[PDB]
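Quick heads-up: it's one chain on its own, the form deposited in one PDB entry, in structure tokens.
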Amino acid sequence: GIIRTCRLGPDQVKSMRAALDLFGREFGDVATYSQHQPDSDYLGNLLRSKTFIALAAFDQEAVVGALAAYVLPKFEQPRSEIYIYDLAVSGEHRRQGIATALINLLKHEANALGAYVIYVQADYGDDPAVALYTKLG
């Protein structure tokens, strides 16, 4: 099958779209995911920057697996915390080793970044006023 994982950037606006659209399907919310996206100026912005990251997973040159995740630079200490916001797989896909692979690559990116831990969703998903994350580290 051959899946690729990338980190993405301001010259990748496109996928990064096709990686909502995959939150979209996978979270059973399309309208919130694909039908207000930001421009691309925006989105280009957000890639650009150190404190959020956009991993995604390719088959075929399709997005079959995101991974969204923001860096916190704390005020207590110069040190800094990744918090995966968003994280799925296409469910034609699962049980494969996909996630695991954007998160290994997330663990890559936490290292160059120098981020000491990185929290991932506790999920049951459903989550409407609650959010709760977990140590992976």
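Rigid core: the largest C-alpha set superposing within 1.5 Å between the two forms. Numbering follows the first chain given and starts at 1. What changes on going to the form deposited in another entry:
- The Cα shift for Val117 between the two forms, taken after rigid core superposition, is smaller than 2 angstroms.
- After superposing the rigid core, the Cα of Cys6 is displaced by less than 2 Å between the two forms.
- Once the rigid core is overlaid between the two forms, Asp21 does not reach a Cα shift of 2 Å, moving by less than that.
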Contents of the next structure:
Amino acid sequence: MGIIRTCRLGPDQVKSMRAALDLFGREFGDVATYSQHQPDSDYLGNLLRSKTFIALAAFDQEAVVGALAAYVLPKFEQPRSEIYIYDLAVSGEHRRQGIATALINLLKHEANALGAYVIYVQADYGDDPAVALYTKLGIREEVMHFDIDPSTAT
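Next up, the form deposited in another entry in place of the form deposited in one PDB entry?
Coming up is the bare chain, nothing alongside it.
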């Protein structure tokens, strides 16, 4: 394996952001969701310009082989911030070489520069790689997640 470089994507890197989205679709087995309906370049540029969205990418020979998409939540109860990892994936043939760890490490540096005091993330049962990764790097709690449909508003 070659040198792996990581960086945070800016609005000048929409093309790499789309490559990261395509990586999510391949590694999550959901190409339609991540590749067939991507936002336009103005929208992705605006998201990448914002201080409350973070996209990190890992590169191998200038191809995206890992990606992490996170939100920064400025809190309402105190002037503090939390970072919420939404999606994280590493290309299958590049797995188990520390690339996800390097992306989370870069996210930690981003957190410290923002002053965010914690990073957190969710994983499903049966997602053994993600569970093993976040158990190594973090403290694990069992919780419940609920999805609510807005279209049934009354």
